[PDB]
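Student: Now for the letters of each chain:
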Amino acid sequence: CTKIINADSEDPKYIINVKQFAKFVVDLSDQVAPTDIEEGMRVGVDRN
Amino acid sequence: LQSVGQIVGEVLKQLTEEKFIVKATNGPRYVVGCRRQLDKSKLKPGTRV
Amino acid sequence: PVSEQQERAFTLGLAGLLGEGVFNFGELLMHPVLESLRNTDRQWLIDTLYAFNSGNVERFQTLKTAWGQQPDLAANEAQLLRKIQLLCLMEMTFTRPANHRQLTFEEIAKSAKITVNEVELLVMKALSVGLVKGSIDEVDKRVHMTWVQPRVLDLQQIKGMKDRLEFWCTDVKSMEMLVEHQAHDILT
Amino acid sequence: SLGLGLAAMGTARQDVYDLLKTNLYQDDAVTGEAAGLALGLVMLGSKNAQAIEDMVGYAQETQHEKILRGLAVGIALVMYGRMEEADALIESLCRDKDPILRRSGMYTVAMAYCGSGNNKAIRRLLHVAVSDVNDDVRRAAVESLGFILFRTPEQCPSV
Amino acid sequence: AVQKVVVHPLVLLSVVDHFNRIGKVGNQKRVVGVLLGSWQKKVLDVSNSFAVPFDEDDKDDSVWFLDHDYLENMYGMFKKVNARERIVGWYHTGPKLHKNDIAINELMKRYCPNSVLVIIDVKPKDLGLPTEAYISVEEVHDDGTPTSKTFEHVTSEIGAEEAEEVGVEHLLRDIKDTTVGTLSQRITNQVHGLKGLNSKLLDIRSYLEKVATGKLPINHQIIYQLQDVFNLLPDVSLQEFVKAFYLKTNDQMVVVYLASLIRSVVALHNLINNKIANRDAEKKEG
Amino acid sequence: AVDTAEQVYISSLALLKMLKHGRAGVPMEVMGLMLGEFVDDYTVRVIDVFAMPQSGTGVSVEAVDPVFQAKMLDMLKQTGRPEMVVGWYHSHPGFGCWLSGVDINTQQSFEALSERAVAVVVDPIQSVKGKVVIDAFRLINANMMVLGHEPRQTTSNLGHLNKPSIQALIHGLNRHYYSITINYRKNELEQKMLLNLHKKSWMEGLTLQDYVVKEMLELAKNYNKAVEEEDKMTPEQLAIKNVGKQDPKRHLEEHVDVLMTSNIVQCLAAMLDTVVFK
Amino acid sequence: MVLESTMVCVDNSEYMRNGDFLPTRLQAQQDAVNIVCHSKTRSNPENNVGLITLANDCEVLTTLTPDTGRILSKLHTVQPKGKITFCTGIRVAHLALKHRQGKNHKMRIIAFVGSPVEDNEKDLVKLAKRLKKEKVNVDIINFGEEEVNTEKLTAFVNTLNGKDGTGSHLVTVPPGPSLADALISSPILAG
Amino acid sequence: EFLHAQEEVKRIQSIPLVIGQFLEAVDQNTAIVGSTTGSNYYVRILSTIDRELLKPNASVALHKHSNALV
Amino acid sequence: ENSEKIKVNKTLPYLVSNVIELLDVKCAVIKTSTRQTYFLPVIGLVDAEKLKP
Ligand SMILES: [Zn+2]
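First to last, the sequence lines map onto chains A, B, C, D, E, F, G, H and I.
Okay, so the first sequence: first residue is 1 according to the working numbering, each after it adds one.
Okay, so the second sequence: first residue is 49 according to the working numbering, each after it adds one.
Okay, so the third sequence: first residue is 98 according to the working numbering, each after it adds one.
Okay, so the fourth sequence: first residue is 286 according to the working numbering, each after it adds one.
Okay, so the fifth sequence: first residue is 445 according to the working numbering, each after it adds one.
Okay, so the sixth sequence: first residue is 731 according to the working numbering, each after it adds one.
Okay, so the seventh sequence: first residue is 1009 according to the working numbering, each after it adds one.
Okay, so the eighth sequence: first residue is 1200 according to the working numbering, each after it adds one.
Okay, so the ninth sequence: first residue is 1270 according to the working numbering, each after it adds one.
Isolated chain A (complex conformation):
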């Protein structure tokens, strides 16, 4: 689990603070809807 803080135009490049680790610039997963992912929303990121 991690918490989103922002979103960007074109490739969203949502940047997420894990909870103590780092600000991670993670792209959305292939099998997800971009609209469903939202700024200021808790999200789950696969480490691998």
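Hints listed in this document are in silico derivations from the structure and should not be mistaken for laboratory results.
Errors might be hidden in some of the hints.
The following label-pair restraints were derived from C-beta to C-beta distances [to be verified]:
1. F:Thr787 - B:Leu60: 33 to 43 angstroms
2. H:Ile1248 - A:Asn6: 46 to 56 angstroms
3. E:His614 - F:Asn835: 34 to 44 angstroms
4. B:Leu60 - F:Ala800: 52 to 62 angstroms
5. D:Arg380 - F:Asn952: 46 to 56 angstroms
Short, incomplete list of chain C residues facing chain E, as computed with Cβ under 10 angstroms [stated by the list, open to error]:
6. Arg198
7. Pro247
8. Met258
Cut-off 25 angstroms, straight-line C-alpha distance, at most; resulting in silico cross-link-like pairs (BS3-like, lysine-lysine) [claimed, not checked]:
9. E:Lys719 - F:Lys1008
10. E:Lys543 - E:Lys569
11. B:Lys88 - B:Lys61
12. F:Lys1008 - C:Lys259
Positions of the beta carbon are idealized from the N, C-alpha and C atoms, including for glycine.
Got chain A; can you put chains B, C, D, E, F, G, H and I with the ligand on it based on the hints?
Tutor: Here is chains B, C, D, E, F, G, H and I with the ligand on its own, set in the frame of chain A:
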């Protein structure tokens, strides 16, 4: 792209001319050795390395 | 043009080499192209130029040098006389290593073309130039000195052959074999 | 090939030797290793220079180690009970840089001096086991010491 | 420039592997490859290198071909693997340097501003080191030799690597002070006595041989100048070196004595340790 | 159709290139393609290794560049002889030698491409000439699991394979893979040149000038002898001690060999004094 | 798409500086190379063209390539001054064609001679007999100036193509100014 | 072989060592120590080191891979 | 370089965080959100002048 960065740390003391005890800023401490012309005179303890 | 260069070499043989600028014991003097052209220039003057560098005092050649070229030589005769005295001091050490390198004060007096009593004063002046670092003993004014720089080696480097080098090296390997014979089992 | 060579061991028939050479020249080491052992058995005790030359030459040119290992046993088998006839070959195999050829040389010491307490065979074996870094060659030397001392086995445990 | 030429061990092996790769054809008689290294300082260190296809012909040594595409494409791909890696010179086998080398050198000079030639020998011999370092420059000789363009020898060294001799040295090795002065003295006498004599012998032969085929016995100032530097010691007769008497001879006795007096004390410790070891410990009938 | 304890022969050049490339990319786990030779099932020898340019994707199959492989192969064809790549060689810094699901996905693609598909895992843990942290692994098929994974026709080779055994981390992910033995490929002149360049070059072998010697030696000889004078008191204690019950007496202070070697080698300088020179 | 690779030999010399052919002999030589590269490209895209000066230095200006862009760049800033050394260049060109990995492509050499060559006629004839054994077609277009009648080259071409051989045309420089198109027509008409 | 093995014992010490503090000796040839990380480990003491130095907690160099009291 | 840059930003170890300071031999010191400080001999792909402490 080839360069891989260097841990920033402070020399706690000079164990020997070959090896100086240093502490990484994050906290784990490793005894370390100087590289080439590292000017050990300017590597006196209390210098960031 | 051989003749034009021989004419340039006539000047090189005369004022050009008479000038204190060139005196290298044949580094330039024994170079073949200029010396053959300088053969047209008086041979005795050309010989006198070699004589100052390696013949040192060459008192007979000193009389000859005035004959070889009155211009330049007369103007710098005192300075050149000093240079040959320095050349004589360098000559003993490089030409003779040990043994003959050590020589009497009187020979240095002849080498500096000065009186033997005067040479006690004169050797010090020649030693003073200190062109080459060495060890000098005034018991007989013998040289037996350390570092010296020869402009070129004499003859065909006969000292470099079995006269000094090479022959000694052959002796060493036989002694190296003696070390092997002394301790073959240890070599394993 | 392994069965035919064992069945024809000591016959020294030219036809079996030629067929074993055909398997040797097949260039397949697993079949070739069987052929190499068979080649040694058929010519065991032969002291045949031509056979030893063919095997040593093939071993030098054979890239596969498995063929070399089978050939190595074969070279020892051909030189059987020489006692001094194959000493030059034994020196050459020990001299050979390849470890498997050196192992064959230790085996050649054993076969040439089988049931012999000859000091010369023991001495060469003694130096190689200490000198050779390769463990397989060192192991081969110890095995060879047993074969030579079967005739006098009282001293066999002490070494 | 090119003050020293350290060559990494991996490159030293790479030349030998190429010789085996072209071992099928012995006609070339040499192995030629682009030498890639980093000019971190005046010291030049060779790193990973690749071999450009090249043919050397005995016909006037003018039939020489270097593939521009192979040199450019491989160097670019290798540079992609290492940013530090850059063309620093070229390497060839054939220990006697061919006359064609200078022409190949001019192409090498174009590719790298201060390139160097390393004459590594795939078949190693004895003495010194395998790589030979030569840099070709154009200048006016002070004495006056025409053209004065020739390769100049430069110091060469072996590079540092980790876990490299596990493949090779693990079988042997002799890292101890046990063999110091037991065989080490023998090697120096073996080469300084013979190899040092051989180079001097080449010059002594050159007194007539240099006249016959050499550039000149009286040539290359260092022939006499370096030899005279080697003759820092006089070389004959009085010498005044080991014949110093009050000087070196007296000192040799003081140090030899101080070194020797320990041995009498040394024997005492070793002998008594043996006496306790055998006279008491062995003698335990129980 | 049956696996065996096959031997992988690593040429010195391939091993040297792998560790050097691995050391450079140890932080980023660099990967490369191994130019091996499939001479026969029992023996596989990697004659050469080449390093893939660093790829952002990782050690994954996608990271490998098809265009780079084709052009590199063409260069190998023009100079010397090219060989079909046996498999992918790569470095995992965190776990000396280990296997991963990501690794198997690339390994499966290489297995589809050829047969042996050997994978090597070199790492930063190292020794000057005694580490060999590198290990080689080949996956075992789930369908093949019902059949014996590796039938052995030779007992001794299985015993040699048994000596490495398994690593505890490797044991955790061992299932679905089988370790394959790796041995150095035969080295002859290659061994000889490094051998010539070891004592003569890697170790100090000037030889012409190989032979401090009389300046600090007097200090070292006095200091070691002083240590012996204090140390010899412990042997003096042992001889005086009744020692009815065995007790440690700090004997074997030794240093006798160290003094003997130093004094004798310096005394051997007499050969330089009157024989090597005049 | 006939597969052929041509190691052309360009000439850079004080003679080439003369502009009797076109505004400049070098520019005309560059134009002649341009048409042959275009002709090879029309015949097959894979066709490789490579060129080098045969004067003073006879290395490889460009390795043979299907793309003609490298050929054009090498022609630019050719810089003319070196005395002609055709014998070394011709030997280099023949072996260079063998050097190419794609020997399947037909091997041909086109050369330009701007100055008389001071070589023994027997020596070039000996090379020409070796070239005949190599069986690589060579056609030479002399540019601006040449040895009178190119007698040594005419014998060299005959030795290269004797016994009902290809008889590749040898073009002696047309006296005075010559149009590049006039020079191009003879090779296009026949090898 | 003895000399080569003795060199190997010296070699483990030379590689960069993480700093550590000795805590307790369970038995000879073993120890419990806290590193700069602080995590307590069942490390093995090197044979050469004098045992008397080990008893005060002091500071003990730890091999990075082994964590042992180098 | 752009493809590597895109992959690295996307990757989990990008650890985007502020630069503690800017240095010259052209150099940067970055404290990652992991709270670990690293000095980079090369300031980076982005322009040194563009980067702000
Ligand atoms: Zn992997």
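Student: Against the earlier hints, flag every one the structure doesn't satisfy and list their numbers going up.
Tutor: 9
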